[PDB]
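Asks: Residues per chain are reported as follows:
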Amino acid sequence: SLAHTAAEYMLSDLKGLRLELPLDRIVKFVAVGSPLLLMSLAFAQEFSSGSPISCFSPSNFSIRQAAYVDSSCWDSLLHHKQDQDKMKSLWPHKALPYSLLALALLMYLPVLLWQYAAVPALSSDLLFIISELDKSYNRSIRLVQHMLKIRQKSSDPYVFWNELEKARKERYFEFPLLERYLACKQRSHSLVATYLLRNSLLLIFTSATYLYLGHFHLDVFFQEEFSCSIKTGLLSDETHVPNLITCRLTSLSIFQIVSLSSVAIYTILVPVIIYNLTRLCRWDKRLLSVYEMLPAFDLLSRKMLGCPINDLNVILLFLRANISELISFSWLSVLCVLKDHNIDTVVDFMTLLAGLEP
Amino acid sequence: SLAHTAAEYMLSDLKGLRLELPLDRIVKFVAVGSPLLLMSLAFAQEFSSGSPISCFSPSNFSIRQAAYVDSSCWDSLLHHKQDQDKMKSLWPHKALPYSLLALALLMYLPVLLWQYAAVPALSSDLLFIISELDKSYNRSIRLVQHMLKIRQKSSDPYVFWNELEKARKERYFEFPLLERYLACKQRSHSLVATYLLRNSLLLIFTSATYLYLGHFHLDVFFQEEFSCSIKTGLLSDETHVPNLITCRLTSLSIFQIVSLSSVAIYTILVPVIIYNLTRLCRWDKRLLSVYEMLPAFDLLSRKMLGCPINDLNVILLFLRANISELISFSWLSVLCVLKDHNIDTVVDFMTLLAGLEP
Amino acid sequence: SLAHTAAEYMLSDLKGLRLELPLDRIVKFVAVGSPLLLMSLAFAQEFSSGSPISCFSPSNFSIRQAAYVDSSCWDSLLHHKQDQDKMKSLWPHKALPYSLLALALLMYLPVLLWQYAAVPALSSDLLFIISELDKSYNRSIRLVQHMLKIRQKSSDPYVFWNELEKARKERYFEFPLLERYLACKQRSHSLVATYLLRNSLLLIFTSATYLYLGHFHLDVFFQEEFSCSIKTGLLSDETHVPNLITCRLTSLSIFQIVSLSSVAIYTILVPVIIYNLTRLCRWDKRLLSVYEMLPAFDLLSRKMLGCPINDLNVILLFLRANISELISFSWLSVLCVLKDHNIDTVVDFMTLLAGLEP
Amino acid sequence: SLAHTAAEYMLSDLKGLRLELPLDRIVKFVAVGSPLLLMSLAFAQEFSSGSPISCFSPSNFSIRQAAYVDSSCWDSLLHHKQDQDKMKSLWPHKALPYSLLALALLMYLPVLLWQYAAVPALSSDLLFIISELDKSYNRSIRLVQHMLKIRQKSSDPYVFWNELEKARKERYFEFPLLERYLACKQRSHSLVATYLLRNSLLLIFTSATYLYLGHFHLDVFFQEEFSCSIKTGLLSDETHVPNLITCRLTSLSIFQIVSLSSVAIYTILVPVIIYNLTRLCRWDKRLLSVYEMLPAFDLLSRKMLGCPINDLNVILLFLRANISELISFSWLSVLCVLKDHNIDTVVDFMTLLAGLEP
Amino acid sequence: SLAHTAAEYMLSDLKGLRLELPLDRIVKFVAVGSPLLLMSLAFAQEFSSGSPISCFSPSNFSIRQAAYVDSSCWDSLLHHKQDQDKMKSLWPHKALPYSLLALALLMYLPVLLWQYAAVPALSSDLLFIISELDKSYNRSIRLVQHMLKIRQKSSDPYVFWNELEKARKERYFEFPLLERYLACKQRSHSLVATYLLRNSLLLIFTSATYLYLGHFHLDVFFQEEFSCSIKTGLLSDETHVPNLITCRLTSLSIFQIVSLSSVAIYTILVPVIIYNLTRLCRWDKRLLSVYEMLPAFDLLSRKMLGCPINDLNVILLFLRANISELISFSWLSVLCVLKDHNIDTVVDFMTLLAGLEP
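Chains as they are written, first to last, in my numbering: chain L, 1 to 358; chain D, 1001 to 1358; chain H, 2001 to 2358; chain U, 3001 to 3358; chain B, 4001 to 4358.
Source of the hints: derived by calculation from the structure; they are not laboratory data.
For each residue, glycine too, the CB sits at the ideal point set by N, CA and C.
Each hint can be trusted.
Simulated pairs of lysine-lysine, DSSO-like, Cα-Cα distance not exceeding 30 Å: (1) H:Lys-2303 with D:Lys-1339; (2) D:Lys-1081 with H:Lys-2231; (3) B:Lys-4153 with B:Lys-4166; (4) L:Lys-94 with D:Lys-1094.
One side only, chain D facing chain H, incomplete, derived with CB under 7 Å: (5) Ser-1059; (6) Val-1337; (7) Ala-1354.
Covered stretches of chain H, going by a simulated chain U footprint (3 or more residues, C-beta under 8 Å): (8) 2038-2048; (9) 2056-2063; (10) 2223-2230; (11) 2250-2258; (12) 2326-2335.
So that you can see chain L by itself, here it is in the shape it has in the complex:
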């Protein structure tokens, strides 16, 4: 089956970076695999089909007179109703899996755009930021051994501030590339377009699916029988039934169940992407209180003004998911205690000797 190859290349399972949101991953998985699951269920295994169209041939017909009967109607699904001569065609019945696979291949386009048009630049930017930030750490670790003996023999404030103010006017304190780079990117407005188009494309795809199920479906839904004609051409000069009646389709139940499953999964899926859109309409300040005290993280919370549709918002949202990898997963995450000061000076007097790590 081609489904094996599709799963082999499509949906088959830098160097540590998380570039895609978990909710985006979930919605991608459901929207991509569900058409494939309906594909596998409808035609294979469960319902051994054989001939999806079944007919009532007259008794006088031989073997492949009736074989022509049965084989000339599946490709010519047309209801010659007596009500003039409106041949109602039954193309949705033979087009169900075709539309399913077309929808499945259509669902993956936003992934293509998000993975080709935005991944390389974002990955390069995050590679630069991780390089500068681990350099920021190893240029700051050198302060924990300068503060193991001089930090002890002095009366608290005039060594917790005298060296801190000396470090304040010292190069290691500031991170100039950080503010300049963050400015040069926050003024940019290119990455938000990819996000908005990647969401709107799947939204309009869902709308098109709704229209497809509303127009071409919902009309032949309780009809399981139709009358065809064999002398719709040169057969007229023959002595047999003038109208081949009751071509019964066998997969009406599968038709109904796949239609209801498709409509239900998309009804339950729609609100999630709307929530994803609304995630970008506000500035996140859940933990802004602790970010304003740290030297490097002060700049992140400082540039919180104006309309929130900026590349800085997207960068921050993707950084919060990567703020706990192996090294940023530190006192930062441990700092759940200052969400409720001269006492903290002697508390961090001991903590600086506690963050020795290796």
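Got chain L; can you put chains D, H, U and B on it based on the hints?
Replies: Coordinates of chains D, H, U and B only, in the frame set by chain L:
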């Protein structure tokens, strides 16, 4: 078969931490695999089905006159009883495996919520706690070589208490991050919600399964025969049997055995999750006697007050399963001897020389 | 086939420890694989079954009149004997592999209990004991170089006993954790329960298998033919045979051979587990003579009193299988020469220079 | 096919030791694989069987009247000869592969006993012996540099014997563990039992195979036709042939060829195991002449007395196959020149400078 | 198919040594795979066989009257010719693949003997020789730095011969183990027997194949039709055709093509093994001119006398294929320039500085 792929991703077999309880693992395994086992048994291998519906066609019928007979009834399971004209449908018979697979995919949702909404925060918290605790050990091992010569040449109490009281007023004795962190988490009430919802979701799922087996089942349970009609449409202008009688279904025994197996496994499974719920309604104090003497473990047993529904209870329950990994599996587990004192001073005089380990 | 998956997870092939006895392994292998082997042999490969029920339809019947004949009896195995109207049913014939697979899954429960309820504690205990014992060796190897020059230039007894008695009153001679730990475990009585239940569960399972083969089998054993009825319902208003006679089952030979194989394997298997039970009713003292001279092994043979049902007996039995891994496989195993003294002093004078190993 | 799994576990391909003799390996391979080869050849590939029983139904019979004819005789192979009423049964024809697979699984039992009841002790013994022997070498290599300058400047005998006699009364010359261990094992008589039982078991298995081919075979060997009866029960009240004649079996040629192949392979296999038995009835002294001059190997040839049924004989036989691994494959194997002395003193004067190796 | 398993174990793809000749590999490949290729081609894929025997039944015969006709002749291939009553049997037609697979398994016996009876000793010998030869190199490399400054400042002959003659009477020049080992093996005559038997066995196998194709084939080669008899037993009391005529076999073309392919491949294969035999009848001296100047290789060319059937010849032939692995692939192979001297002294004056390699 898709079952192979499902087992390949679903149920297929930080860095040492145990995040899931063994009883939870057992109930998950039984509730997830049992629908799959019934799926594999019912349709494949054991009972080579062929055509699950069998009919009695008249003798005059040719090959695929009777093939239409047999193929137009499986999808149109309707009993045209003579008792007006109540067409009793037989959709449970063709919906058994569909409902089975839907129930199988439904059973895994609580696992999804418990693994996405609570695992990262709990794992980070336990990573912090293990880091601080192995630091607590390697800042306490330094006491076993200070007590190899000064510990020997003195008259017992005034070196077993003089140094101990000096160590009592010494920094290594206390663990400030422990009480502050434990307070900041015991006042929190977020993790218990995930536990209660993860249990209640499977409970209501079991209730829904009971309702499904009570309404749609238990009605067609001893009926193996029904009469259908072929001229339920345009067939009426034909000379054959007016009513196609005795469409016999072949899988009634499989129907009954799968229904009884499903109801029995859930009856035997229900009390376990109730026990899991009741596990959180009480404070565990089985070994609180030995916890009150140890320095760090005194705080764990000290905060035992009020209503037991707190995140501290869940943290303690998950810690007791992880209290014997490689290092906490020590004198702690060895201390099964003080569950039945100046003599113990000379007993631990020798024990401190016995816990040299490397 | 599901048998492939079962073999893939069930029965498919710390860090060196042997936790399961070889005889237990053999009985587990035979009791678990034999139902699977009968499963594979009975239904697949050997006997291409097709239709396990065969019937004699009247000559006037068409194709699927007789197909209904053949398909409506396998699921309705009932002998309408003329002797009133005792319908003898033939459910064992269609339930053979179901009971086989149920028995196969039932056989593995004692393994589950023995592997979950006792393995972790025993493994931790043995890990502690191996750590303390290799420490006991590397704190005793230091005696073979103190005895390379002082051991030579003295008149035998007053250096083979003067240093030995000095070593006797020396710390390295005794192993305090050994006697204290061995006491704290020999007074315990928890592990023997797991052993006794793991044996009794398979014993009662064998008894249940015997009852199943005695009641539901041994009755339809020479019967290969039975008469059914088609008008056991709405068929009565039809002109055909009033009683469908001679529904012949084809797998009677397979029935008999699988029944005899099952009963024979369990008759030959029963005494082994009884022997396993009797293994725990006595204290093993085959090599107690050599254990009483060694320092550490003297305590093992010293606590041989009272009723033998103790956790110490189980620990010793599992230790004798692990007493020859890589280091305990030493002079211990070499000491087959003292099972038939001042001469041995000069014999071990040379042996201490012979146990230099690296 | 289960043959794939059997080959996967059974017969599928310490740390250098050779524990099994090449002739034993050959006889094991032929006796184990040949039943499997006949299994694969008889039923699969070569002869596409279909229905191994073929019958002559009367012309009036319909499709599955004759299908019942053909399917009710394979399981009821009984010749109702007119000669009273001796129903000769044809169970060997349907039992050929069953007996083949039973014989195949039976052949592996001696391997099981030889691999479980004797391998661990023998492997431990050989591990000890290899450890002591490579120690014997590296305590003897130190003599080739003491003899590079003192060996040169002296008049031959009084340095080829003066140092040799000094080395003779020196500790490195003798190997006390060797004679004591060899005595403690040569007096033992446990390992020879495993060898004799492992041979006698396959011998009695071959005898049982001969009896099986003599009683149950050789009787139905030229009979390809037999007459059955359908009214051997409730069929009597029917109007058809009173006796269903000429049930012809199709696999008579395969029957004959497999019988002849089995008997021929075992006739050609019998003498080899008899030779293996006779190998232990004599003391091997082919190269005893060179063993009596070497220091360590003198003890091996010294204990050659009495009846040869001892564990020492088995140990020596397994050692001769391992005497050429990497280090014992040395001058020992090179010493093919002393099988046809003061000249050899100056020949070995140069050879000791030739065995410098690294 | 069993062919997959056979290819999986048989013919499926120390530590660098080449133990088998390329021509031997080619002849083994062709003689082993060609029967398997004919096996795969004759019965599978290409010619969908169905029933290899086809018969002309009379028109009055029903379905399985003629099925008995067709099924009772394939196993009873006998031509009841009118010419008394010589039943000519047609067993080659049903024995073609049996003889093919027997020949295929027979072809591998010489490989078995050559791989079990000679590989271990030869591999050990070559391991010893490679160890001594790379030692011979690293005890000779030390001459290229003693000759970097003393080699420069002297008038050519009295430093190209004065040091060379000093090295001539120096230990590093000679290789005593080489001449002694080469003598101890060249006097041996055991390995040539394995070679001669491994060739003669396949030769007599080819002769037996020729006899088989000459006697049992070439007689039924143009006969595609034969007449059988059904009343060759108890059928005589029936009213049908007294002689069942024209049992036509369908695979005559496959018979002819496989026979011609087998005979042709063996005719083209015969001379190669004869050439292999003649390879051992002469002493190879193609490059003996360059071997007589090298120190170690002089002994190899020195022992070229007498009849060439010796183990030394086989050792040399297998060494020439291994003389270019990684280190013997050196100036040796580069020395293609002395096959057409004081000038060479200054040429090798520069070459010794050119063979510095690492």
